[PDB]
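Q: Residue strings, one per chain:
2 protein chains.
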Amino acid sequence: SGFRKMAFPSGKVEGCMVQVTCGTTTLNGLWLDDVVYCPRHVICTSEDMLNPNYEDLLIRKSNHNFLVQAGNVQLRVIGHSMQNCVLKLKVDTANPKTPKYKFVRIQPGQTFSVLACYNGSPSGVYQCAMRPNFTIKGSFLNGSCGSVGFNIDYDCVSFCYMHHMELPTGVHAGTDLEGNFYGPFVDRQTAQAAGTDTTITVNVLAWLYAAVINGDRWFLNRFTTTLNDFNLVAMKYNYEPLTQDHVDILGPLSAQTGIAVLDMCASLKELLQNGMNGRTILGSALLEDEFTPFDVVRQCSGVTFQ
Amino acid sequence: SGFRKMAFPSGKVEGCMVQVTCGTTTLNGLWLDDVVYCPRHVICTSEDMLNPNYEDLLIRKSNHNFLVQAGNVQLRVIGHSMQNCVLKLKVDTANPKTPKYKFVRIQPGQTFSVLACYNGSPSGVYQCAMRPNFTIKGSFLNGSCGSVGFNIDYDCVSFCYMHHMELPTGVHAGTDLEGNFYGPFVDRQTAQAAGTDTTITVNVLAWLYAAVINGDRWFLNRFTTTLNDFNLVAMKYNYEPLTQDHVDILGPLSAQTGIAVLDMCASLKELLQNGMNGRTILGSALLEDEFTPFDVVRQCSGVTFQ
Ligand SMILES: [K+]
Ligand SMILES: [K+]
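Protein chains in written order, with full-length UniProt numbering: chain E, 3264 to 3569; chain L, 3264 to 3569.
Hints listed in this document are in silico derivations from the structure and should not be mistaken for laboratory results.
Don't be surprised by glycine CBs; every beta carbon is placed ideally from N, CA and C.
This list has only true hints and no planted wrong ones.
Pulled from the structure, derived: some chain E residues nowhere near chain L, Cβ distances all over 12 Å:
id, residue
1, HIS3343
2, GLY3446
3, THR3488
Chain E residues, not near chain L, derived (Cβ > 10 Å throughout):
id, residue
4, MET3312
5, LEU3320
6, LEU3321
7, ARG3323
8, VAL3336
9, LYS3353
10, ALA3357
11, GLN3373
12, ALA3454
13, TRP3481
14, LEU3490
15, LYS3499
16, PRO3515
17, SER3517
18, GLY3521
19, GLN3536
Now the in silico label distances, taken between C-beta atoms and shown as ranges:
id, chain 1, residue 1, chain 2, residue 2, range
20, E, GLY3546, L, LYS3499, 19 to 25 Å
21, L, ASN3326, E, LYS3363, 34 to 40 Å
22, L, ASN3328, E, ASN3501, 54 to 60 Å
23, L, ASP3319, E, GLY3546, 38 to 44 Å
24, E, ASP3511, L, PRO3371, 42 to 48 Å
25, L, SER3325, E, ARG3542, 50 to 56 Å
26, L, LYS3324, E, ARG3542, 44 to 50 Å
27, L, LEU3330, E, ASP3355, 41 to 47 Å
28, E, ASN3537, L, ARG3542, 18 to 24 Å
29, E, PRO3504, L, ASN3347, 52 to 58 Å
My request is simple: use the sequences and hints to build the entire structure.
A: Here's what the structure looks like:
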């Protein structure tokens, strides 16, 4: 049946993307009801970016400083405010294509779909994980800022990411839709180090379950382990600790397959210690960690969105 | 920066997906204007599937044998015809969300986005390649049939694939939207072997260029090669021949990077012979072959879709 990096359908988000311009900067905004959300660094000039006082930069701004274009339609800005690192432009028109939505702060490990946009227009869609160091390994270019990450549950878009910057290492950083950065990052052009990145253990386990559902059973072994003994081995290979909450979320998959989580953990332990011996799991020679337990179920069970 | 399996935005295709039921079988249909396209095997019972006479099975069908549901709206079937292996159901309502579209027959190695659907509702979107043996390595479950593959150019959806079946090996086969199978496959439950699958060489090269654009240069070596000497090594590793046309299509990327195609070929030759020495290219320990030269440009240049 197969297994792919599978993104949510993008239709609901496509109709919310607009172009926002201020000064010398154009980037993307999210148009929901009569508000457009975008990164507040759009108000900065190059020189402002080095040490911006945003409260003061925004006071000196007027509604007429902001050009918002939805397709070939100018939206008139009739108000502006700042929530943390997000700019909220109140416009004269509610988006008639506003979907059901919420703003959610995700945790490291968790995944989301990215609708990469330039000039308010979608370029493509791909699946991403919030890395344990609060960066994402996206595919983004100049002008991508304001592009959002999202999950869909039924008909409800949960927006969890807005793109703000690329770090020097070529990885990406941003906020929830309430404007709070994931990670120790600030929207200021000043050197800022990403933490060291670790592997998302719960996701590697989820993917091993995916492999079992798709037939691959060679890595299942006769050994077992305790959670603590597993985490001790994990730590040494730069894997995130496995928590009881992780074990619980892997429940549905353990039930579906009949293999218990601690059994799978022992299977992973061996994989970490010995390697794969030039074998592949779901076409991969590396252990893949950008699929959550929910992602595997959704794909392996055929969950749909309406 | 960054490089991902990036799918086209799915919005334009989402609004064309419907549920088609006949007998006890439910699968997906593509609703364009007042026609719904779906696999004709929807008219077969399990017993019919072993040796179907489609002309005769269809004569014995009436419009009222087909239930089409678009969301919670029943579309009334008022006509039916068969074009090769695709069923065309004429319905009472033109799709108000019909996009600009064409039907295109793609070639092996070319890529496309898949909107996996169940019960006329989208589950997810992912990027696919037409394998050299005319199969696709999709992620599809029971009820996925009628799901389509597509590219977008500007505002125009080019439909290139409709899903019909999974082979025993777990790979997938289907038709263009005129109903002609890609490959030597038939919509009959009778043993059908996929040809031996080879690696899409031009795509591996395109991806190596992507890797260079993103920094990775460790695999660039001091050697060069002729096209023929390359193809001799390629053949031995189950790689498709590299043609002059392939060399020409890689031109833009060779220009962008400054590395000539035959130089990159030599870099690949060594990778094939020695392996990767536990190193990775764009996060991968395997050579990836599901990105075309165009795909790399689009993603690395930031092409957008109206
Ligand atoms: K600016
Ligand atoms: K070389």
